[PDB]
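Novice: As a plain string of letters, each chain reads:
Number of protein chains: 2
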Amino acid sequence: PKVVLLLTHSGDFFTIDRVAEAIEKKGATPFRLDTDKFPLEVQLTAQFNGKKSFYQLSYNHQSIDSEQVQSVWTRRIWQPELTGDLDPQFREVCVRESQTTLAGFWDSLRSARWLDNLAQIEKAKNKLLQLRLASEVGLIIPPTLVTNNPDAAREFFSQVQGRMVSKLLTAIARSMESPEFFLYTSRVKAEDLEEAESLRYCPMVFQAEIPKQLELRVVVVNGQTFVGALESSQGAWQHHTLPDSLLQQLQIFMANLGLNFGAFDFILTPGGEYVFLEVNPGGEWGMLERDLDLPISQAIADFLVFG
Amino acid sequence: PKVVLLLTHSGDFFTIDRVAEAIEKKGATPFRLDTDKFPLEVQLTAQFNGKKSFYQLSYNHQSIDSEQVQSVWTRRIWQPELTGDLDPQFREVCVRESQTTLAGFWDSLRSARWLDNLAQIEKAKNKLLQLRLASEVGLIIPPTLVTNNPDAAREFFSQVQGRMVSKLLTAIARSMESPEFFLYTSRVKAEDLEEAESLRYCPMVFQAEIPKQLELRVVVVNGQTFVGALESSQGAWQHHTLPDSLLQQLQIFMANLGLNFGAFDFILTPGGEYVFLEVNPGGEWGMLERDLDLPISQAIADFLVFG
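If you read the sequences in order, they're chains A and A'. A prime marks a further copy of an entry chain. As numbered in the authors' numbering, residues 5 to 238, 254 to 326 make up the first sequence, in order. As numbered in the authors' numbering, residues 5 to 238, 254 to 326 make up the second sequence, in order.
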């Protein structure tokens, strides 16, 4: 009942600092676990006899056990950082046992309050489920195809009435002066071919390019909503008010993903329709808070320390 | 409402044949999807406009769409078979988009009856959660340690009263005359060191060796139980009756994993105590059915076609 576990990457700064400070101003104690640093710099131990099976965690000369953890913040769950040119089977077993051990430790925290529960996060990461559920709840989506059939993709390029089509893929953005990195959906233009031997029969996600006057970033924390907008014309986030009908749909989308935290990307078309693009793959909200003074970290701390 | 989807590996024979035939004797139509053959030989397509977003599946010149699927049998969910010496980033994207596309297709079958639902299976695969839950429900487990702290492992070797300790790892068994393969937990004896540079800080699972007069394979299908035993002394499965107190604990274990199908490994000690070892990692039941005429496939077909 005495620490808030904050799960991040070791190269994360602004968002973790704000949440961590908001947590201690509330009276609680945060503990930062860089998940990329397991297993090289983090030790986990658990013993089972049918007694209590609790876990002990050590990281940077600090240590906690699982009954101390009262809430968990899933800022970033990263794959194990493994250094070098390791033999492939040794590597495969290290990575698989590391993931298994971590999953064992997350299960030992099942009674803490999670923002958010890992099973929800893993499911919600899938863009195809997002689109299916968004359209079911009444959100507008861009026409979208997933296929490993080149014929079906060829046919899809003709049904987008007459617009461009892009391929979609999650990527990491790192440069741009600031020393932080972001997860974002890259959009390469689709100009066909049958090459890419190494991707020949591999499925891809294709989506109709939609015209925008605004990009929206909608961050929802436990029923609080925080909205930034960018004017689009090839930026600084600006305030924006969403209609309540859209907010109600977002909550139904969010409760069907089992999530209490979400960052959503929308566009507003010239015609004025809100189009859902995706749950932002990195849950990225730091620019909103600083550029606009939106107290997102406070709402995060509030959920973690008081529900 | 017109096919039972059977998810297997393309090198699976006995178990899929029995279930498939039991299904058609009931009046239903099975459709075999070898998941290892996606994406090279299986085509998946889905289109989203907010209309219906259904999926089309083709495999070996047969095709179905997701509204035809009434039930799904998760015999084997295998990673994508990818052939060759592919460029690592192309490979990484193919594999990640293949998994994403498959997960999209499984979501489109969310209204069919699953044996078992994939979220349960993925969670239940974790041996550490199995042990935690087994001891909570009152099943006896062998003393077990997971750690990447060599000191903690050293200490564990002294607390097993005075028995041998093995390391545990999931592996694939393929030879032994018969042309099928099995998932099983390998047990290498623990004789320490600080080498294995490639596994130096990597967690491992250590377990006290327990004496056995019997190994048990307990297969449960929708509240029906099927038990095989092997006499241990360095075999042919033989009948065995479990006490009802153990059966009640198994059902509580199974309902806490959200599973309607499970293959469990136990040992019976010389002293006569049933010790839980693990949910059999491959759900392996084929030898039981043939060596002992236990109608496991019939119970599987029955669940899939009628609930």
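Simulated from the structure, these hints should not be mistaken for laboratory data. Treat each hint with caution, since some may be false.
What the hints assert, rightly or not - Below, a list of computed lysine to any residue pairs in the SDA-like style, where the Cα atoms sit at most 20 Å apart:
1. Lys127/A - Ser67/A'
2. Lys127/A - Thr78/A'
3. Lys127/A - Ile125/A'
4. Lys56/A' - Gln124/A
5. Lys171/A' - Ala255/A
6. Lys56/A - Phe94/A'
7. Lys216/A - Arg178/A
8. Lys127/A' - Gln268/A
9. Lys127/A - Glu140/A'
10. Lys55/A' - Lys193/A
11. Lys55/A' - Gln93/A
12. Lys193/A - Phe161/A'
13. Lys55/A - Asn121/A'
14. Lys55/A - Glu140/A'
15. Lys56/A - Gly142/A'
16. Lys56/A - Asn121/A'
17. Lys56/A - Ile125/A'
Stated by the list, open to error - Reference listing, derived: stretches of chain A covered by chain A', where coverage requires no fewer than 3 residues with Cβ under 8 Å from a Cβ of chain A':
18. 52-61
19. 87-99
20. 102-112
21. 120-131
22. 148-154
23. 204-217
Said to hold, decoys possible - With beta-carbon atoms standing in for the labels, derived distance ranges:
24. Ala200/A' - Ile81/A: 40 to 50 Å
25. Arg114/A - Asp155/A': 46 to 56 Å
26. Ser236/A' - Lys30/A: 52 to 62 Å
27. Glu201/A' - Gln66/A: 40 to 50 Å
28. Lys56/A' - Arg158/A: 18 to 28 Å
29. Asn275/A - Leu266/A': 48 to 58 Å
30. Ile81/A - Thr33/A': 36 to 46 Å
31. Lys56/A' - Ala123/A: 24 to 34 Å
Idealized CB from N, CA, C, for every residue including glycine.
Novice: With reference to the structure, classify each hint as holding or not holding.
Specialist: To see whether the hints hold, each was checked on the structure:
1. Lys127/A - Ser67/A': Between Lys127/A and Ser67/A' the Cα gap is close to 27 Å, so the pair fails against 20 Å, i.e. violated.
2. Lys127/A - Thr78/A': holds, 18 Å
3. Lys127/A - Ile125/A': The hint holds at about 14 Å.
4. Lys56/A' - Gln124/A: The given pair, whose Cα atoms are some 24 Å apart, is violated under the 20 Å limit.
5. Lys171/A' - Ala255/A: violated, 55 Å
6. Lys56/A - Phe94/A': Violated, at about 45 Å.
7. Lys216/A - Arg178/A: violated, 25 Å
8. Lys127/A' - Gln268/A: violated, 30 Å
9. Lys127/A - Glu140/A': Roughly 27 Å separates the two Cα atoms, so the pair is violated.
10. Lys55/A' - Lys193/A: violated, 25 Å
11. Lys55/A' - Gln93/A: violated, 46 Å
12. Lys193/A - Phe161/A': Violated. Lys193/A to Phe161/A' sits at ~59 Å, over the 20 Å cutoff.
13. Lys55/A - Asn121/A': Answer violated: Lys55/A to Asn121/A' is near 31 Å, above 20 Å.
14. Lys55/A - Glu140/A': Since the Cα atoms of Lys55/A and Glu140/A' sit roughly 9 Å apart, the hinted pair holds (cutoff 20 Å).
15. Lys56/A - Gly142/A': This hinted pair holds, its Cα atoms lying about 12 Å apart.
16. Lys56/A - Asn121/A': violated, 29 Å
17. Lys56/A - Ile125/A': Roughly 25 Å separates the two Cα atoms, so the pair is violated.
18. 52-61: Satisfied; 5 residues make the cut.
19. 87-99: As far as the stretch 87-99 of chain A goes, the hint holds, because 6 residues have Cβ atoms under 8 Å from chain A'.
20. 102-112: holds (count 7)
21. 120-131: holds (count 4)
22. 148-154: holds (count 6)
23. 204-217: Holds, because 5 residues of the stretch 204-217 of chain A bring their Cβ atoms closer than 8 Å to Cβ atoms of chain A'.
24. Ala200/A' - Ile81/A: 40 to 50 Å: With a Cβ separation near 27 Å, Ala200/A' and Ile81/A fall outside 40 to 50 Å, so the hint is violated.
25. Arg114/A - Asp155/A': 46 to 56 Å: Because 28 Å falls outside the window, the suggested range is violated.
26. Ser236/A' - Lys30/A: 52 to 62 Å: Holds, at about 57 Å.
27. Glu201/A' - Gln66/A: 40 to 50 Å: Given about 27 Å between the Cβ atoms, the range is violated.
28. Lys56/A' - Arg158/A: 18 to 28 Å: Once the Cβ atoms are compared, 21 Å apart, the range 18 to 28 Å for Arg158/A and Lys56/A' holds.
29. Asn275/A - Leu266/A': 48 to 58 Å: violated, 37 Å
30. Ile81/A - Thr33/A': 36 to 46 Å: With a Cβ separation near 41 Å, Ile81/A and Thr33/A' satisfy 36 to 46 Å, so the hint holds.
31. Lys56/A' - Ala123/A: 24 to 34 Å: At 27 Å between Cβs, range holds.
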